[PDB]
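Okay, here we've got a single chain as C-alpha cells, the form solved without the named molecule, with questions on binding and movement later.
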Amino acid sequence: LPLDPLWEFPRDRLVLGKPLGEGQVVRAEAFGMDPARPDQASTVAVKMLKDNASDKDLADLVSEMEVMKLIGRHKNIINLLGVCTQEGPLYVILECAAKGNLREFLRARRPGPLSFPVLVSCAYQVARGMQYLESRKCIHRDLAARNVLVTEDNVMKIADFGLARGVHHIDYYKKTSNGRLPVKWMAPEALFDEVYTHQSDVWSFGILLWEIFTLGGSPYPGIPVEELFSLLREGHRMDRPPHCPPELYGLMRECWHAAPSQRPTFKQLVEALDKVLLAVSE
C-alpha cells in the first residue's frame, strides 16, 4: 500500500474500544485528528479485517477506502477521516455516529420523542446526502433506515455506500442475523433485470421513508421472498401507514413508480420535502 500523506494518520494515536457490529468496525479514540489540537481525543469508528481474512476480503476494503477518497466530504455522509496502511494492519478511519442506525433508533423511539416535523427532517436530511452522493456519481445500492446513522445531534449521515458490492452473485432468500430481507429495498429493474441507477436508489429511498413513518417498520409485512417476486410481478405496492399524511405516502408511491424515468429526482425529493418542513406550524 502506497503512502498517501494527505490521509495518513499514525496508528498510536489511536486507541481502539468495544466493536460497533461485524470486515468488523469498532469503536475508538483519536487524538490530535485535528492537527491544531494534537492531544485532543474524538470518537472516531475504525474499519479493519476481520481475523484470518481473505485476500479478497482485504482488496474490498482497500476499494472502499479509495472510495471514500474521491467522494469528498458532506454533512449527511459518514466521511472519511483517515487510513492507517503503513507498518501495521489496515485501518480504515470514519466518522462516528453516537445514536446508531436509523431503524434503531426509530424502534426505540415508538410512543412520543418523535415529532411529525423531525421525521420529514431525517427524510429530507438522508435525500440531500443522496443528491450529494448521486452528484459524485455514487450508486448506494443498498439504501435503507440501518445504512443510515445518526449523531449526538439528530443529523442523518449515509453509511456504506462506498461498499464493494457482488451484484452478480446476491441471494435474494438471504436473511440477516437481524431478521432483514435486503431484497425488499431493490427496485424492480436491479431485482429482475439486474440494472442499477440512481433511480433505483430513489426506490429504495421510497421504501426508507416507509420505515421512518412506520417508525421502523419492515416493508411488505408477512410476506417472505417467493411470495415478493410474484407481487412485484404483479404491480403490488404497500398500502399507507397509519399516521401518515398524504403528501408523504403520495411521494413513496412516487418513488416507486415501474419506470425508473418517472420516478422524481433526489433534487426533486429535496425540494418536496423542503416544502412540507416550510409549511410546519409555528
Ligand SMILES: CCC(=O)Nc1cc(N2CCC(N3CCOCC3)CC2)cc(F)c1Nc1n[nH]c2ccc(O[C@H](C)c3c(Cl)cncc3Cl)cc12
Contents of the next structure:
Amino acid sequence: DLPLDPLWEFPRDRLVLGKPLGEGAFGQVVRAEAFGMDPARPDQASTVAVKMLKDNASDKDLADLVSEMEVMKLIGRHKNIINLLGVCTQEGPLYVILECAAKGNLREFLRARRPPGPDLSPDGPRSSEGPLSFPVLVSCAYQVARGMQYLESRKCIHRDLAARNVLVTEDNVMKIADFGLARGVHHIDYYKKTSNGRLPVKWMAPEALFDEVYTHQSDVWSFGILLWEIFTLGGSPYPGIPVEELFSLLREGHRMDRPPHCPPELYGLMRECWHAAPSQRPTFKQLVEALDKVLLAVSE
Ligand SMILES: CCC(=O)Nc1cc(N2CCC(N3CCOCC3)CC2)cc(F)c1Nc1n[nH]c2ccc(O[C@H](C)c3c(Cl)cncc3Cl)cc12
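Now show me the form deposited with the named molecule bound; what you just gave was the form solved without the named molecule.
Below: every chain and molecule of the assembly, starting with the one above.
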C-alpha cells in the first residue's frame, strides 16, 4: 500500500509474533522473534519489538504510526535510544520493528530494585545491600542525558521525557523510547491519569503546560523530573499533589523537595533544570558534562 523503501523493508514472514508488551494512544507493541535481521546471517534468531496499529485503527492512527516510522528513519543510530531495525509495509499490516530492552522501562526497573526494608531477617554478608548503588544511578542519569543530547542534535524534541519512557537493556544501558511521537499537544487532558496511575502533566515544563511551547529546554525541565524519579528509585513526582493543586503551586513557583539519600550535587542539577527561564536551565550538553564529573569521581 505504502511505497517500498528497500533500505528499511523487512520480510514480514521472517517475524514470529509473541507476547504483547504494551498499548498506547496509537499503536500497540508486540515482542517478536526475527530471523536474519542481520542479512549476513539469514537464519539467525533475534528478539525484537514490533509496533503495529490496533483493531480500532482510524486513518489518523495510521498517519501517526507512518509519521513515527519516518522519524525513526531520519534520527539514525545511537547507543542510548531505541533504534529502528526495520519496517513491514508491503502486502500486510504496517509494522515498525524496534530494538529490544529486556528489563522494561526505567521506572519499573528502579521500583523492583528498592533495598530490602527493616523487616527482613538478616541472611548472608549482604543483608542490607540492595541491587542499586549510587554510581549506577548516576550512570542511568548520565546515559539518558547523552541520549537526549543526541536527540537534540537531530532537532528532535521528546515532549514527554520520563522514567517510563526510558527503557533498560540486559546490560543496564538506558534507551530513550517514544521520542518521535505525535502526542496531540493541543488537546491534552491535564487531569487524565494513566492505567498505572501516572499523571503526565507533572513532567511538563511551565511554558509547555501554560503556553503550549516546546523547546529542547522544555525537555531539560522534564529531565529534571526524571532525575528526581531516579534518586527516589521510581517515585512519583509531587507526592500526593492533585493536578488542580499542581496548577497553583507551579504558578507560585513551587518546586519539589530534596529527596532522602540524595546528594546536594544532584538536587542542585534538578533545581537547575527547574529554573523558570528556559535559558537559565542547563543544556543537555552541560548536563552530560556535569553528570560525567560526578560519575568519574565515584568510579575508582
Ligand atoms: C523486546 C524485549 C522486551 O520484551 N522488552 C520489554 C518488555 C516489557 N515488558 C512489559 C511488562 C511485562 N510484565 C510481565 C509480567 O507482569 C508485569 C509486566 C512484560 C515485560 C516492557 C518493555 F518496555 C520492554 N522493552 C522494550 N523493548 N523494546 C521496546 C519497544 C517498545 C516498547 O513499548 C512499550 C509499550 C513500553 C512498555 Cl511495555 C513499557 N514502558 C514503555 C514502553 Cl515504550 C517497549 C520495549
